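Let's start with one chain on its own, the form deposited in one PDB entry, as C-alpha cells.
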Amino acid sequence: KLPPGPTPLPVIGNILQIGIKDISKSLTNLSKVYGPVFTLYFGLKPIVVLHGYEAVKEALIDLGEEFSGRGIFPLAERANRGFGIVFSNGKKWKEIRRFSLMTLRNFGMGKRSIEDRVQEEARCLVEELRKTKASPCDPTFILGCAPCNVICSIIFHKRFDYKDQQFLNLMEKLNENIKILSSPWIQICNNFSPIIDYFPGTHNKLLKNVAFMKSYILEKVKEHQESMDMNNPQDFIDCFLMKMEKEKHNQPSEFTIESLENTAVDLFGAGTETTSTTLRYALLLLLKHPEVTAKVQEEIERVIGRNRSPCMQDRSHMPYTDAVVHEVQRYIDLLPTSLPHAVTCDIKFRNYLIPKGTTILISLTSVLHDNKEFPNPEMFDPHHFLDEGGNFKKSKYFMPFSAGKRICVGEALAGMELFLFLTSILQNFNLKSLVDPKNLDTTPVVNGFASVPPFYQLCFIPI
C-alpha cells in the first residue's frame, strides 16, 4: 500500500486541511498523528512526506538513487523550467549535474580559483559598505549584489560594477522572477490545476524575464567562442564549449547551446537569492546577539588580523565563526521542505510501496530543528555547533542544503561566500542597530514554502 495519511476528500484531496500559510508547520502537525512517513493528496496527486532524521536519511541517503528524481508540478512546464539542472530528470540531469559539479570545483575552471573570485567580491562588498558612510541602511540590495556578482564571474569570467546597467537589470529580472515565484498563488494554487494556466500574464512576465537573461547569456557565449583558448578555459562557458567540442561525436548531446543558457539561468536562480537572504539574515542575527558578533571579531583579529583578506584556510582556525555560520543556516531554515523529489522506480520503504514518479516532500525543518540533536532548536545559539571545549561540532543533522544525490550544487560555493563575506564584513565594521537589540524580532516570516527575515536597518561603522 501507500503510507497512511489523513483520508482525502474526493478530488481536492487533502487541500483544505493543509495550512497553506506555513506548510512546514502543517507537515509537522501531521507527523504528530501519522508519524514520520505519511501520504497527502494535492488533487489526486499523491505526495509522500518524510519527517525526521531517520526517515530522511534512509530515503535520501540509503535509498539515494531511488529518491533522486525532481518532483514535477504544472509550474515546471509553465515557466519552462525542466531543461537545466534544478528541474531536470534522468540522463539530462545526471550529466549536466556531474559536469557542473566538476566545473565548480575550486580549480575547476583554469588558473583563477573560485576562492579568488569570491575574495575579490568580498573586497568590493566592503568598499560599497564604506560608501554608505555609516548612515542607516537596508542592506538588502548591497548583500544581493555580492552573490549575483560571484555567479557572473563564475560564468562570464568578469565581475561587474555595482552600477553597470547590464548588472542592474540582470538583477532586476532575477529579483522580479524570484518575488513572483514565491507567491503562494504561483507556487501552490496554480498547481491545483493540471491543465488550465490561471495566471497567464504572470507566466508571461516570467518567461519574458528569462528571455532577456537567456539572450544576454548568448551574447557572452558568442564572445567566448570568437576568443576561445582550448588550453586556457577561464569560466563556466569556456568549460561548456569544450565539453561540446568534444561531444561533437556523441550526437545528439545533452550539451548544447540551449542546455547551456538554461544551465546558466538555473545557476543565477539557485545561486543568488538564498545566499543573499542568508547573509541578510546573518547580519540581522548578529545585531540581535552582539556578544556573538564580538566573539567572531576576536577570532578574526587573532587569526586573520586587519591586513589581508580572509581565506578559506582560516576557517579550520575559527571554529566559533564556523559554528555561527552553521547556526545561522540551521536556525533560519530557508527551504523548509527543500525542493520536491520524485522516486525513480517503484519501491518498498520500510513497509510501503511507493510508485515510480510519486512526489516526495522532504521536511528539512524536522532535521534542522530536531530538539534532541539541537536542544531549544528555536533559539539561535551557535553552541548548537560547539563541544563543551569550544571546538567545532559537526552534525549529521546539518542539512540546510538537503542530502543525497540532489544535495545543493552550490554547497561549497555558498559555504565560501558566507564565510568570506561575513568575516570580511565584521573585520572592517561594527554593526549599529537603530532600535534596541531587545526589541528587534528575528523570527522567520514564512509565506507558504518561503522563509524570509523581517525588514530592518542598520549602520556599518568602520573600525
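Under this definition, the rigid core comprises the largest set of C-alpha atoms superposing within 1.5 Å between the forms. Shifts are known only where both forms have a C-alpha. Residue numbers count along the first chain shown, from 1. What changes on going to the form deposited in another entry:
When both forms sit on the same rigid core, the CA shifts between these two forms reach 2 angstroms or more only at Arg81 out of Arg81, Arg159, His326, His341. Once both forms are fitted on their rigid core, the CA atom of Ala450 lies 2 Å or more apart between these two forms. After superposition on the rigid core, displacement of the C-alpha of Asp266 between these two forms stays below 2 Å. Comparing the forms between these two forms, the C-alpha position of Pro184 differs by 2 angstroms or more, with the core used for superposition. Taking residues common to both forms and aligning the rigid core, Cα displacements of 2 Å or more over three or more consecutive positions between these two forms occur in 1-21, 71-81, 106-108, 184-201, 443-450.
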Contents of the next structure:
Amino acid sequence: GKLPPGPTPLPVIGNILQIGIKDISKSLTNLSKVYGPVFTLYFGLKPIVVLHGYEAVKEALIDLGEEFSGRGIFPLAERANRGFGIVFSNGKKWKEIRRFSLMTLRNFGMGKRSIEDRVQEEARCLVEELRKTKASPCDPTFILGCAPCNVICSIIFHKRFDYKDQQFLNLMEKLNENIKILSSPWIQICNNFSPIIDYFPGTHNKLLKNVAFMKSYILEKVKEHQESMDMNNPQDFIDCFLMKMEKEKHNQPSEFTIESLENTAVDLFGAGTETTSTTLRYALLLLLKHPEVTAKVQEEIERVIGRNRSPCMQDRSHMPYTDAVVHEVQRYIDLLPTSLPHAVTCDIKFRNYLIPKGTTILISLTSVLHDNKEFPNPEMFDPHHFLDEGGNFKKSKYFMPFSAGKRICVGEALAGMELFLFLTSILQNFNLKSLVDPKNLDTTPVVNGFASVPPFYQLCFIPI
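Now the other one: the form deposited in another entry, given that the block above is the form deposited in one PDB entry.
Just this one chain is shown here; partners and other molecules are left out.
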C-alpha cells in the first residue's frame, strides 16, 4: 500500500449518525453490563438515573410507586401550557385528572354506549374500508391510523367520521405532523446531544401551532356540549368532564377547568392514536412474515367466533393462541423502549443511593420485555413466549409494554380492546397476501427518536 501524495487529511466523510430509540436502548443495556442495573447518565450537569432489568424496575415503579410516579418538566411542553392534562401533569393535578379519566374510560358517566361498543363499530368500519381497497396492493398506514383516532373522537365528543371527511383529515394531519416532529431521531454535534428538529427552524413553532389548533377544535366541541349539558345524561368524555366541573364549583380552585379539559383531550389523541396505529401496522407485518401463526389465529377465530358476528372481548378468554400472538406482538416490537421519562416526587433512598426530588428516571422497558430468562430467545417473534408447555395462555409479570406502577398507560384496557378487536376482525374477513415472499420480507425497524417503527410494506387484503 503506497497511495499517491496529497494534502493533509480533511474532516471525516459520511460518518454522522441519526440515533434512534432502539440504539439508545442498546447503549443502555451495554452500560448496564459495566455499571449494573441502576446507573446515572450525566448530560452536562443534568443527571438521569436509568433503571435496567425487572428487579430494579419493579422495586422502583411498583414497590416505591408513589415516589417514582413523577413526570418532570419538558420546556417545549411548558410553552404550549401542556402541564394541565395527564401526560405532563404532576402531584395533585395529575392524581385527580388521571383518576377521573381512568373511570370515564371504564364506562362511568359515559352513558349506555360502552367503550367496547364504540371499538366494535370502528372495527366494522375498518373492515369496510379494507374492502374498498379491492384486494389490490395497499400501504395500510393511513387506514390503520384512522381507526384508533376515530375511537378517541367517539369517546371524547361522541362523533366518528368517514375516512374522507375533511374535518377528520385535518385533525389527523396535525397529529401526524406533531408525532413526526416529536419522535424525530437524535444526533450529536459538538458537545451537544439533541433531537434533530431542535435544529430545524419551523419545528418548535409548527408544534405549538398544531397544538393550539387542536385545543381550539376541541374547544369548539366543548361549546356545543355546553349548550345541552345535562347532569342526568352525560354521553362522552366532554360531558363527563363538564359535569365534574359543575360538581367542583364552590370548591375553587378546581383542578378541572376548560384548560384542563382541552389538554386532557389533546393528551388522549396524542397518546392513544399513533401508539395503537403503529402497533397494528407492526402486527400485520409480523403476520405476513409468519404465515403459520396467522393460519392458527384464523383457525381459532373460525372455531370460537365464526364469520356471522363481530368479535367481542368475551371471546379472548376462549382464544389463548390469538391472545398469545397479540401479547407477543407487543413484547417483541418493544414499541416504547424507554417508556416516557419519570422523575422522583421527593428525596428517596433507593438501595445504596439517595435520589433528590425531581431527578429524571429513565426506565428500560426493553430490558424487561426482552429478558432472556423469562423469554428465551427474546429477539425472536414467538407466540409461545406467552404459552406454557401445554399450549395454555401464560401471563407474565414481565409484560410491561404499557409500563408499570402508578403511571401505567391509562389507555391499557382500551388499547388491548383495539388490538384484539381490530386484528381479529381483519383476520375474520380477509386473508393477508404479501407481495414479497415471506422469507425475503424485511422486518428491521426504522430509526425513530421515541418508538420502534416498522419498515414500509404493502399487502393485499383478500376477502374471505
